[PDB]
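Here is how the chains run, residue by residue.
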Amino acid sequence: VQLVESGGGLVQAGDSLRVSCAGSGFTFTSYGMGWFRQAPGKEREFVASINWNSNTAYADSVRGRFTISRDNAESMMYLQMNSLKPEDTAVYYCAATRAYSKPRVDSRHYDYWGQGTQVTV
Amino acid sequence: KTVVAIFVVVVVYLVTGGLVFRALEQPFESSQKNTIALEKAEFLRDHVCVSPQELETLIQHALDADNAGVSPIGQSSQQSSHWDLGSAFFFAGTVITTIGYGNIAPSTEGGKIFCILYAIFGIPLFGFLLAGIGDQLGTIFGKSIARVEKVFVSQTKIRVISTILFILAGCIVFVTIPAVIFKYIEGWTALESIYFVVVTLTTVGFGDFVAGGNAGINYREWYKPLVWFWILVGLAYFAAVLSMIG
Amino acid sequence: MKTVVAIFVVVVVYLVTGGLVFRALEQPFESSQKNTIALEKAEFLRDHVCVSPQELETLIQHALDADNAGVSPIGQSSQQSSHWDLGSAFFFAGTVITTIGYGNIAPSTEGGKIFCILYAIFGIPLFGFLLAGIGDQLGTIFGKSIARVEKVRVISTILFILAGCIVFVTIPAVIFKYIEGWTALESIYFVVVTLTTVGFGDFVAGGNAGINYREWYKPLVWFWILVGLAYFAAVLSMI
Ligand SMILES: [K+]
Ligand SMILES: [K+]
Ligand SMILES: [K+]
Ligand SMILES: [K+]
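Residue numbers (the working numbering), protein chains in the order written: chain R, 1 to 121; chain C, 1 to 246; chain W, 1 to 239.
Hint data in this document are derived by calculation from the structure and do not stem from the laboratory. Don't take each hint at face value.
Mimicking DSS-like on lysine-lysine, the simulated pairs with C-alpha atoms at most 25 Å apart in a straight line are [to be verified]:
no.	chain 1	residue 1	chain 2	residue 2
1	C	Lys143	W	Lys2
2	W	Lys218	W	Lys177
3	R	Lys85	R	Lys42
4	C	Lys1	W	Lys151
5	C	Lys157	C	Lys143
Facing chain R, a subset of chain C residues (Cβ under 7 Å, in silico) [to be verified]:
no.	residue
6	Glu42
7	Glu186
8	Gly187
9	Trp188
10	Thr189
From the three backbone atoms N, C-alpha and C, an ideal C-beta is built for every residue, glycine too.
All chains should be modelled from the sequences, with the hints used to inform the complete structure.
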């Protein structure tokens, strides 16, 4: 029922920062969750996604720099953002899908959503 | 000059179909080709202890197991069997119904010899059950629509509405409701669930989405044979409609 | 209502019996393959300390994601997207209307899945009209041949089925055995799996990406499927 993000900070260009998303009120292992972002003046964009286990999928703009992961034993999801560019400063929202088979990339498939966390580069 | 005309229509339908499928899948294939090449380069960059040849050997070894029927994802020891009583019943059902998913196919020479004789004698055996159900159900439907026709714009028109009603009920009981069940159990999207039911009930069976084992999670032994019973009653319901029409 | 139920019991018994035979034939191979891949993954992590066990699974899943889409993760290809070109998409369209569905190359996009549902719903009955039309014109030729024999019936019927097993089953299997490089069993297995519209996809005609195929080969195979599917339909109707 509820998604909570934590880790929004201010960072220099070309630096690394990791943000977290914790699920509560639902079976964490049965939901495939992912990350999204929205820079001022721009529409919502896809960032990263993961299935119930270890299958990840990224946007062409963040592959090789961003790393989505999950620790089902701790009911959490982490997004390690490396070499952050000034084009990555956006409100990062974490969302979840009842369809866990593959890492979903379309925002239409994600059912539950987070409040967002401001990462500024 | 009638079968040849149909042949031309079919060839045109394949050329037209080929043009549409090309435009729908060419950009995704190009993007996936670029993506996998980048993922392999980034894996070697992140893991300095792995040589580029050692990476290819691991990939080919995973594909060798995947093609044989064993998924290389997760703990294979903890995973269930694809040839136990429940899964081999669904494999047998997959052969006689001509669906042929091709996900868990025979690899042994003995398994290939028995599969030829199992399809040659099993496909007509299933056809006798499928026709028998359809003819018994067509009699029930014929009696129900004759009772409706006795009460009643056009005698032909009243039979078309009944035909539409049978298709609509079948599309809810055997198409809509099962797709909702697969969407939650397998974890597929709403589009993938309908796509699966259509591919299955039309005996196409691509194998890209399979009712059981489409994850490294432990599926119940009674779930997979129950899906074949849905296939049996679904294939048989539409056979009674076509027998009533003919 | 005690005749269709008897057939149902025979069919269920046939599936349980079939399941017992297939289990005994494939259980030792599956067990050996499960042990093999588990050992290869454990040895990869032992040889490569810098790789975590989760990072290994993600790489495998990523390679399988590309492999299932049609792109082989071994080495590197090029803009040669010969899996969705005019020639390969024509055979995929045939794969759908004939209900064979090899599934070696299938739609991944949402649009491709929406068009595939409407293509099968309107294409499978369209192909059925051609398949019945060929079979009825073919059945008339059969009737005229068997009436000529009767003028001079079960033996004649058996002879007409044995002729189909040579022209459409034996001869094509010999051609595939040399061209593709399959064993004698694999060739018969392919022809049986194809003509019975099962189409597993484990053996595909013109699917070996490493063979320089001649232009007259792939469309000739689809002509064989078309003329073979009508002759095989008469065998299954007789049985
Ligand atoms: K079929
Ligand atoms: K099939
Ligand atoms: K198939
Ligand atoms: K298949």
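Okay, the hints, checked on the actual structure:
With a C-alpha separation of about 20 Å, the suggested pairing of C:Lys143 with W:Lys2 holds against the 25 Å cut-off. Our distance criterion of 25 Å between C-alpha atoms is met by W:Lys218 and W:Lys177, whose separation comes to about 15 Å. A distance of roughly 16 Å separates the Cα atoms of R:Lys85 and R:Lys42; the hinted pair therefore holds under the 25 Å criterion. Among the hinted pairs, C:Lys1 with W:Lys151 is inconsistent with the structure: their alpha-carbon atoms are about 30 Å apart, more than 25 Å.
Our distance criterion of 25 Å between C-alpha atoms is met by C:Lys157 and C:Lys143, whose separation comes to about 17 Å. The closest approach between the C-beta of C:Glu42 and any C-beta of chain R is roughly 5 Å, which is under the 7 Å cut-off, so the hint is satisfied. The interface hint given for C:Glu186 holds, since its Cβ lies 6 Å from the closest Cβ of chain R, which is under the 7 Å cut-off. Interface restraint check: C:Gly187 against chain R, minimum CB-CB distance 4 Å, threshold 7 Å, status holds.
The interface hint given for C:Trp188 is met, as the beta carbon of that residue sits about 6 Å from the closest beta carbon of chain R, less than 7 Å. Hint status for C:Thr189 relative to chain R: holds, with the closest Cβ pair at about 5 Å, below 7 Å.
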